[PDB]
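**Q** This is what each chain is made of:
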Amino acid sequence: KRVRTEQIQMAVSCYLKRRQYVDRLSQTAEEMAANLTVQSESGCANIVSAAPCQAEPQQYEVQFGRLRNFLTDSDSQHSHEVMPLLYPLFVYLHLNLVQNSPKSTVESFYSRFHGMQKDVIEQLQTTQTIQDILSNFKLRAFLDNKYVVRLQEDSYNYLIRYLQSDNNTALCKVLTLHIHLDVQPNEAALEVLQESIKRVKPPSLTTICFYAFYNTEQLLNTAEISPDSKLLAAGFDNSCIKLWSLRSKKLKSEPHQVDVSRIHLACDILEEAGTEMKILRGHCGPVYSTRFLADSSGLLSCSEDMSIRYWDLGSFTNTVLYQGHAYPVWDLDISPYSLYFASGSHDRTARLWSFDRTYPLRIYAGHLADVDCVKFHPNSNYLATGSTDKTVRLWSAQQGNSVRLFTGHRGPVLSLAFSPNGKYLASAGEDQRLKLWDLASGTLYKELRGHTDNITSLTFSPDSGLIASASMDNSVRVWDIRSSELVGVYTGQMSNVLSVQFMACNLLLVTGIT
Amino acid sequence: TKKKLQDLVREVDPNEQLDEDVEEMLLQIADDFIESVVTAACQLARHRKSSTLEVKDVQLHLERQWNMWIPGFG
Amino acid sequence: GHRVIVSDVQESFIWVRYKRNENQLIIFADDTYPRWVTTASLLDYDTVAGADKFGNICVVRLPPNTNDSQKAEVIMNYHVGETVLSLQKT
Amino acid sequence: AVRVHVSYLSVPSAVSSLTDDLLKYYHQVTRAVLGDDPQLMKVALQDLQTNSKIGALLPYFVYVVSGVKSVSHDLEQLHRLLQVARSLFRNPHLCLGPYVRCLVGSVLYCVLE
Amino acid sequence: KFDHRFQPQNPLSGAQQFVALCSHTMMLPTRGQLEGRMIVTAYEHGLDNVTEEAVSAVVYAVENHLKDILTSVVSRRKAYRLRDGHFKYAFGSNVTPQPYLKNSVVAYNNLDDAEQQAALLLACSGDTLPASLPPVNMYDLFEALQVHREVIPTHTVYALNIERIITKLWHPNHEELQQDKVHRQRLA
Amino acid sequence: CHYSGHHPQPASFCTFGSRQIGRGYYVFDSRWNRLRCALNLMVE
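Residue numbers (the authors' numbering), protein chains in the order written: chain H, 2 to 24, 34 to 126, 133 to 201, 235 to 250, 253 to 323, 331 to 540, 552 to 583; chain R, 59 to 132; chain A, 997 to 1064, 1086 to 1107; chain K, 126 to 134, 145 to 248; chain G, 108 to 127, 138 to 228, 251 to 327; chain L, 509 to 552.
Watch out, some of these pointers could steer you wrong.
[Said to hold, decoys possible] Mimicking DSS-like on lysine-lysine, the simulated pairs with C-alpha atoms at most 27 Å apart in a straight line are:
1) R/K114 / G/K184
2) G/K108 / H/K493
3) H/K113 / H/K189
4) G/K184 / R/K61
5) G/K184 / G/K307
6) R/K61 / G/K307
[Unchecked claim] According to the in silico footprint, chain G covers these stretches of chain H (three or more CB under 8 Å from chain G):
7) 166-180
8) 255-265
9) 371-385
For the record, the hints were derived by calculation from the structure and aren't laboratory data.
Ideal placement from N, C-alpha and C gives every residue a C-beta, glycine not left out.
Can you make the complete structure from the sequences, with help from the hints?
**A** Rendered as structure tokens:
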């Protein structure tokens, strides 16, 4: 019939009892890092299932014999951090010979290469059965412990190159089991009163600035302002990206000798101004997003042609192409401090990217509809993906797991934003409601109803006390976080509002179309 | 044994190489093609008179969506 | 007890504060005048004296507004004419 | 074509101090934070550094004009006037962009003579 | 207002019951190996009188389908010439001349003795040292399916495979490049 | 071309290849044939 909430709750409790969950949300990173150490090695198994389960009577000495021939010849710069590695390998392989206990194979291995302190070697010579190892009270602890080596990444990269060659699976068994490696890359009451009064701000700190687009064809997708207020980028419907100057510098383009938009038929010879207008024609269909790198050094903009094409500001032409989702891309955004980036597509998933590879790294799946909004946490660790299935998820940039699921919206979600302090989350969409969610409790605490139309974008103030919600009904309302909590309602004299952004000094940038 | 993957490449282009990871994908492509054809053929088999047979004649009528024609008897 | 004064062979003075919980050396102030400082002496908390290889003795006063942009000012500069290698007040 | 215009939300009922929250604070900062009394600069300057409360545009110009063009021949005031001004430049929530001509000219007066 | 909008039907609800590989063997399915798969999948549908002609038709259909895939992939990396329309036969060298040369125009208008004619095709256009392309990686096949889209008309087969193709994309990063440089500076 | 509260079900969707085993777990038409026989005729 009709499913009530109380029987849902007991079903969850029943499942917890089935899986023995009868038995913590903290902010300290010391214990989380301490925990991350615990479960990063708690039963590690990578080649354990694919172990070399072959007879191989004659593999150890021929393999280890190859180690000395390659690692001790024509190498001095990368040898000092790996020469000590050959010492415990003989001892560990000797124990592996004790485990399977051959008759003459173990004796031949020790006798032929006795040259590669002395007390450990002589103890292995006098012991040839596993029972003596258990009764020595010193070699038993040797097997139940690992030899840690603190080597550089280049030395490990040198090691990772050798281990992939032929006849190295047996040696890799010791590495995945026995050796753990490390990689290092007068009352004064008046002053009391003002401290309690001046802190609480009608701040009247709007300082609104408007950028206007004049009479053109009725097509415009997005417009982003550089964080340093040096450039202005916009995306058109007919695969047109135009860059404007906000400081009247009259920048000049540099020669590149390689162009992408030009055919350059075979009848050409390779032979080696103005500003305030420069068309960037690199895409095929409409451009749906445009983001910067927070340093005015590049330009990322996804398009409708299932591709992400990085734009360069040194050669001012298309440089890097990302053939990824193979599906139309909706939203694109950049991580703070220019580390990574991610985007959503029509396959109900969002994929994490990188600046060194042309293919996605992480896969985030579980949505029921196309992902239209995605953002990065200010610490670049968490992601929130919104869709039209009235759900808001929270993902992790490291493991790729959804820790929280937020529901309650009546329709699609068209705007997401992370608070600067990284402890609040905002969400809005077609329900004409502004919602605030707590990242710890996971429950809604405000019901904000100020707009009668769709909400486009959300942007938090640097002080994490004010927020501006751009809408399509020609109204830019700035509300107070720290419908009776509004600072100032802006009357719309234009067609619509595109983007609102706070950088510093409570500066308001509202972009619209005349 | 005979005609694993390399001789089919020689059947079209004498000088062409395939990567190690590409060979398995092509077999899975053939594996999915086999299942799709037999499932559709069995669906048509159950359509003749609720079930009759796996018939080579109705397979010819099935290949119209694949835009292919077998040089067989028909 | 509050900060650490570093006498550079090329620079005049470097003021470094070491925290107890953060445990990091923080550099916030410097001096515009390059001096070949041989030794230094402390008169009180705010005044730091310094010598020179040639006999230039100066006392630097730091403004009360320092991050405990902070170019140190000079209130007294004098050249003895002979090499001074020690400063002490008692 | 793109053009830049700034709207207000002359004298948009913000220049005049009629909010009933500035006159008392103006009196305290002009006659008790400047001049004779010591051991009060650090606490007051830090509180002023945190809060921005920009938008009045009256008082900061008055101290600079009345403290440089009239107290140019006196000591024990201008040194602290520079100290409070320097802390204002170190406040990341003050919009001093379009107000460079009304402040630098008086700065050149300080270095003059 | 929001109740009038429909919801997409989940195709996952409608599934078939299950009451009771040729992938890791590196083999094309032979006549004997396919026989076991047909009989086990026909019992669920209730079929009898297993014939032999249907198995052969399926095998040849697979052979033609795989040939189409390889023909599509090679055609995006090598040149060819058309005879009387859509027929591709060459799949070979640079016998195609450059159309911006008047000597090629008169040669095009024209169309011991056998060797000189081969020279007119193999030596009238190209570069001094024609460098061959790398072997087909996971990128070339991925782009080949995007452009043509005609080899596999069924969505149930084309879709499930194309995301597996995406997951198999790989290329060396900066870190591995020094190892190649170090090895190259060691043998010299 | 009708209007009603109920969602019009075509019942002829794209029928993606998937069978229901265990009522929660789904298979892409293969690679789970011999194992299911092994763990169903033995365990139960």
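**Q** Would you mind marking each hint as holding or not holding in the structure?
**A** Each hint, compared with the structure:
| no. | hint | result |
| --- | --- | --- |
| 1 | R/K114 / G/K184 | holds (22 Å) |
| 2 | G/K108 / H/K493 | holds (20 Å) |
| 3 | H/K113 / H/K189 | holds (22 Å) |
| 4 | G/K184 / R/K61 | holds (13 Å) |
| 5 | G/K184 / G/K307 | holds (22 Å) |
| 6 | R/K61 / G/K307 | holds (25 Å) |
| 7 | 166-180 | holds (count 5) |
| 8 | 255-265 | violated (count 0) |
| 9 | 371-385 | holds (count 4) |
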